[PDB]
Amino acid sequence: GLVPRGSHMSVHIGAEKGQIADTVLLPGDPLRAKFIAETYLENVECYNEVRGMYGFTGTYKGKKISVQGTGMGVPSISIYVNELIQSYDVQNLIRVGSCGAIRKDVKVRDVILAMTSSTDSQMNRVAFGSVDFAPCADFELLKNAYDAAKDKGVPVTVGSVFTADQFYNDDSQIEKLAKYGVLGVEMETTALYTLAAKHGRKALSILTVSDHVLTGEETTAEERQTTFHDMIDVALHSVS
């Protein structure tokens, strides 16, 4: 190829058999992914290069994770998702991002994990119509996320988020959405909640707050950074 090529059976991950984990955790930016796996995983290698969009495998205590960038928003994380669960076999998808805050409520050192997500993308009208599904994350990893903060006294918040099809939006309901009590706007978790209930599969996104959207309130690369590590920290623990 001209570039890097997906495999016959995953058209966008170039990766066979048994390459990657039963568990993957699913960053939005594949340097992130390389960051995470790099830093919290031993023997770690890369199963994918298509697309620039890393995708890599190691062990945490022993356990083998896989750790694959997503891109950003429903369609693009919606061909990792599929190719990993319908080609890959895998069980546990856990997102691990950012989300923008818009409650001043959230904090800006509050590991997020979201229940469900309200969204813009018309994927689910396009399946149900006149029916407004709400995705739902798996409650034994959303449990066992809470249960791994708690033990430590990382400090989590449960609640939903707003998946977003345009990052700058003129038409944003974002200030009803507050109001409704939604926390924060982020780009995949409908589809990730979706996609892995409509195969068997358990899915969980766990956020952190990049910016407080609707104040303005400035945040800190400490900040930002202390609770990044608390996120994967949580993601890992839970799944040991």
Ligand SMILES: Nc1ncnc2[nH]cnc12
The other form holds:
Protein chains: 6
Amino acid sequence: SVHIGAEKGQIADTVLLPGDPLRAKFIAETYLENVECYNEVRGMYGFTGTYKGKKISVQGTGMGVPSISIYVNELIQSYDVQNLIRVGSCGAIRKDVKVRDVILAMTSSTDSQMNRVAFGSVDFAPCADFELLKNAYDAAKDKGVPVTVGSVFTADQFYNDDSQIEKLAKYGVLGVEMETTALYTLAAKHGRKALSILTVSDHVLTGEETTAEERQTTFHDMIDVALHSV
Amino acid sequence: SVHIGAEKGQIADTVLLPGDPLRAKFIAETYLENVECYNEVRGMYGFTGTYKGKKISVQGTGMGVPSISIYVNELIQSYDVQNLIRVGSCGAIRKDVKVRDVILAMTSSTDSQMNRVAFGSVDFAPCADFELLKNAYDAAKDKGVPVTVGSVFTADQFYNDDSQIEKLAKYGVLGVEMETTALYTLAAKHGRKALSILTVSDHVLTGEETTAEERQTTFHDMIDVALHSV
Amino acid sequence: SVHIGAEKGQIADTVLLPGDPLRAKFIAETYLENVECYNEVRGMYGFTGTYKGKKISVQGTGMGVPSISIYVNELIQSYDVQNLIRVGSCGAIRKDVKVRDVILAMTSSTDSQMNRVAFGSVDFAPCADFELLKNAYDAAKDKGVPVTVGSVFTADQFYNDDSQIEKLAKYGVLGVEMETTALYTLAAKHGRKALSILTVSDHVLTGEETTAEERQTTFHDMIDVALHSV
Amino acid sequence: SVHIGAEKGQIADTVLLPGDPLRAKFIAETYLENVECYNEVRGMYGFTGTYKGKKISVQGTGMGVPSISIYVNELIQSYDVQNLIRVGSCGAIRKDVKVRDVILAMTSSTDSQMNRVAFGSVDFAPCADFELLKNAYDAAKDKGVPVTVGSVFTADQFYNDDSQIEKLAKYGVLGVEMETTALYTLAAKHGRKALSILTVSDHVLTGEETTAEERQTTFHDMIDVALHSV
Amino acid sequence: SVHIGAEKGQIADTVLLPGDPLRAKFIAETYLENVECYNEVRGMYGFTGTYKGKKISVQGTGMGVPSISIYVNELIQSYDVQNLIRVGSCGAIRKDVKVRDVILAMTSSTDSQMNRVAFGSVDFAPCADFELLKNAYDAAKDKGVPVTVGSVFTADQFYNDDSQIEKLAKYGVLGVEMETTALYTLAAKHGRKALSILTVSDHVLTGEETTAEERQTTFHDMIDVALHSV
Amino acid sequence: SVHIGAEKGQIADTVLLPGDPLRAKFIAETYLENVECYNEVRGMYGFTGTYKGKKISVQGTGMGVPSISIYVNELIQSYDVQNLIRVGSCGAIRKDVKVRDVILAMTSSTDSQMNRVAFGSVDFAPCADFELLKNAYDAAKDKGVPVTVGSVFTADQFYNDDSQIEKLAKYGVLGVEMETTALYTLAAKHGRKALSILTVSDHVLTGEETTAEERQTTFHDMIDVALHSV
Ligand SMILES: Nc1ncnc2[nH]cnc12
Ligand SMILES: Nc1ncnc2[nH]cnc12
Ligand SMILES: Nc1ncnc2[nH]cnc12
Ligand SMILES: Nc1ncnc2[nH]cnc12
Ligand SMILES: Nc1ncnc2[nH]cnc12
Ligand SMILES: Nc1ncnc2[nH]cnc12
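Alongside the form deposited without adenine that was just displayed, please also present the structure of the form deposited with adenine bound.
Okay, now the whole complex, with that chain kicking things off.
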């Protein structure tokens, strides 16, 4: 495939998808054994390692719907990947989402036009694979890792001068990020399993940041949920 | 309220929502003790009874997004209803959806403009309350009731001449019905808990029918799952 | 047909369509001779009687576009019905529409998505059958029954927090109701004759109600116009 | 006003509106006594004359929604015109529309965004003034002029390569022209009376032409109906 | 063709398109030698003359997208025309566009629905032929005629009570007119060369007019650029 | 700023914008003297160097409208960047687009909702700064670099299953890429200068590839044109 330079059989059945290729590197190194680098095209790193005797791959996706779609389409069409777990951050848009909460997205709203192009008059609602969702949940509960399940918003512009997040928060939407709708749509289109697991990097509505130490801890919990759930 | 003839106290915090009021009569008389009919307005029957120490109301909602929105809005705003569970039928659009499986809807797609009117350029994805969904799933598993968790399509036209169902099935959508998007959207906006539990009444994309016997079996499984949920 | 339990030849050529199955009963009883009940599916009653030697049928339709579409499609496809006259109420949105005015809808605007799904880039304008419209008019004039002819709005949500009726009233629109656009569209699609005859139940913009005695009188005039015009 | 060179008093309360200004010259000189030309700006000719004791103006409007909107807006706002009657040609899209029948447009569909820009999520259905329509119908019947009352489609493209006319004919739409939606919308908003009277200049969906002789006959019937209307 | 009464070989390869048939006459007379009138249908004049040994034609187009489309389609389909140069006026919407500036439109935005009908989910951007644009530019520079290159807005309603020109001016849009998007779209669709050359008739945002003497001078510069560039 | 790790002074007023950061490294090291890397955040590399007496920065932007919008917004708002030139690849969609021609984009079509979200009912046509475009064209001509000036399509999906490219080619669109609309829109809104220069990396509508040798030749022509432009 064009944006991925792996050989046949270099990419595992299960894949973690951070947005940042440097986090992909960071995860692969810290949690995986016997790591090889299978992709360097565009500096968008993909690694394959073992975690307790199972092969996992970790591939940066880039930022935004178009960018993740490319990687996901190529991981599905060219490398036959089965499970795709986005591991990422989001901006919380409601006061009741807390900085240590790991978020499991059941679904995502979006102002991306991707699905409108596909389905004209239908509001298409992307859906997580329940089996993946359930296993992530059960592994968080098993540990006492605090988890919230609900919906996110896949924004097409990071900076927004029309930003309608205020209305979305009234309807229960937990947070805003940029990839989830693409993952869930293309996964389901191809009969594959996807889930997004997200931590809070900020509170969008007040402007409040979360401290570097809090982020490090939730990032650990997130990768641990994704790995244990596999 | 305009369409519900109940007096203060008569309607439970928890309400089951079939489309068919005759089915509401049936549900009420079969599974609940100490039943009163609190509404006759428009023949759209609603009953309250007891089930294992808890108040339950059962309210026919009619067919289509506009009809159930009227009933849900009134139940929420005038009767401070907290938990809303739609129990009904739907058309399977995929071969691997079997006639025995009870469906729990995580989310719903729609070609209803209800949400495009409220949101503008956003594709809003309505979402189930995870807690109701998890309790319903756990109670299905407790009894070994067969369950499938995924997404549905909420149509405005039973008879859809330009039908896009062929494409929705390709995106993993399980089934078609006519109420779920409105239920989930309105519940969410008012911070209340909603879930839709559905049975297969036929296969849309082959035409074939389900026997009177499959139908009432799966209808039984569906009501027990809902009641045992709460 | 699925939602209608009539036998072949139980439904007449001309049909009155109130929204409320209990009004269908009320009309059938009060104005018709030799009444039989041909439908009880969903408690959505349909009766057939004679009025001055002509067979008429009267069938509740439910509330909202999806609900009326089902009945209308089945009355047209399965029972070969020729004339369909909706008899109903609407909320007046302009001061110059008076409580005793019987309304003949020539056309209807709508925020329903039904026609947008059908016709993508066209604003489709549903149209009443002139012959029916003319005969209703002539029968009101013959009696001195006061009539106003113009357009209505077919709303998809009864309660509206985006409600754009204020702009519609500036453009001459007389009132708001929930079924007319579906009737007129499907009738015309199938080469059949439809008309909606409406009375004012309220003034939406001020909040003013109309007294029970006024409603009883206009309801009589409405059914009388529909019957005499047949 | 920008596009009309008339001085106070010169333009009648009642105005006929052909698209072709040469046809406006023809109408003016043939049917009216005591004619003055009040506008030459853009060659878009407009005349005033007398007909049986009444002032009539006759104004070419050009072709398309934007052109006639300019003229209608100015006529309404600057010259306090009360009654606006478009008289023109259109393409028949249905076999049962005959070349002799004069068309009275109750309403018009459009693929013009004029109304989607003003309304948002609403499909606005422009409507004729019933009184003008009824007077025109009564004057056709008085002379036995053949008349058909229904709806038209107002196109933005005479030559429409992705044409949806095939579907519009299936919904009972009689004909295609290029001005009516704008006329009815603008009249309605300013509380003035508008009607469109059209003749068939060919059949769009067979290609065939109407003879020079049919054309001028039906053109005569059309002008007499309009003039005898007021 | 229907709206044009020219004979085979009466219309030249290069055509100037003013909106006003009386300006077409004015241009033909003043700048062309050996002028003949080839079209009088609808008083929409087209003339053919010579300018320094080359045949040019000059054809009024009318006002608005639908009107220009008709002429352009017929000039392309029926008369094989190769180059089409709109010569017109526009309302400036930014302070930095000056009254003596000749405007070369590289592109145009529009609220016309024409391209949305054609291309559903694509924002289509019409484009000028660079060769024509370059030659117009070079001929203005050669003379010291002051020129600005950028984008315009093709409005569908001259008078606008929703008018969104304020936002367009923030995005660099220079002016508003009514034809350009149609020309550029149909030209390019048919493999032909189009360019619009515009002068400022007014400042829309303040209300300031430009004097009659200034307009006469810029109109000269505009025709001179169009002719020299040919 | 969030995604760029530069300190005050490090980023030039003029910035080249490849999609591929490895290509940004390549461009920086090959053509510029005195290079520092000012950003490593997300591996999305950005460098500053000198070229013939002028500061140039070279910044990878990633793939897709959302990714380049983040980078352009930050460059504009935090680093007061004045001139923004995208240099990259695109897919040719027309036979007469040859693999040697460098493309200068006058404008871009899009199926991105970015602009429909900001504008509503308007089709916004993003436009290049003519001065940058003219300087780039003049520098191509100075060296005889083959150049084609026209319009591109900015897609949200590299892999577009319902693809409308067949129609866009019929309207004279040259090529497909994934960034240009965002670049031109954002530059324009902030009153800065933007241009996109593209090379052909394959023909989309035949499938065929361009040799490694054509590719690097045309890549050379593209960078010289951009650098010699400023
Ligand atoms: N504030 C934000 N907006 C959009 N996407 C984000 N991802 C993480 N934080 C975000
Ligand atoms: N076939 C069908 N279409 C729409 N709604 C349905 N509910 C059950 N079956 C259905
Ligand atoms: N107020 C109202 N709104 C919508 N539909 C109605 N039908 C009758 N009254 C109505
Ligand atoms: N064929 C046609 N298409 C559009 N408008 C018309 N007016 C008359 N005939 C027409
Ligand atoms: N003010 C204006 N609005 C729209 N189009 C125009 N053409 C010239 N002036 C104009
Ligand atoms: N074929 C293609 N599709 C989309 N973007 C591209 N960029 C280069 N080639 C492309």
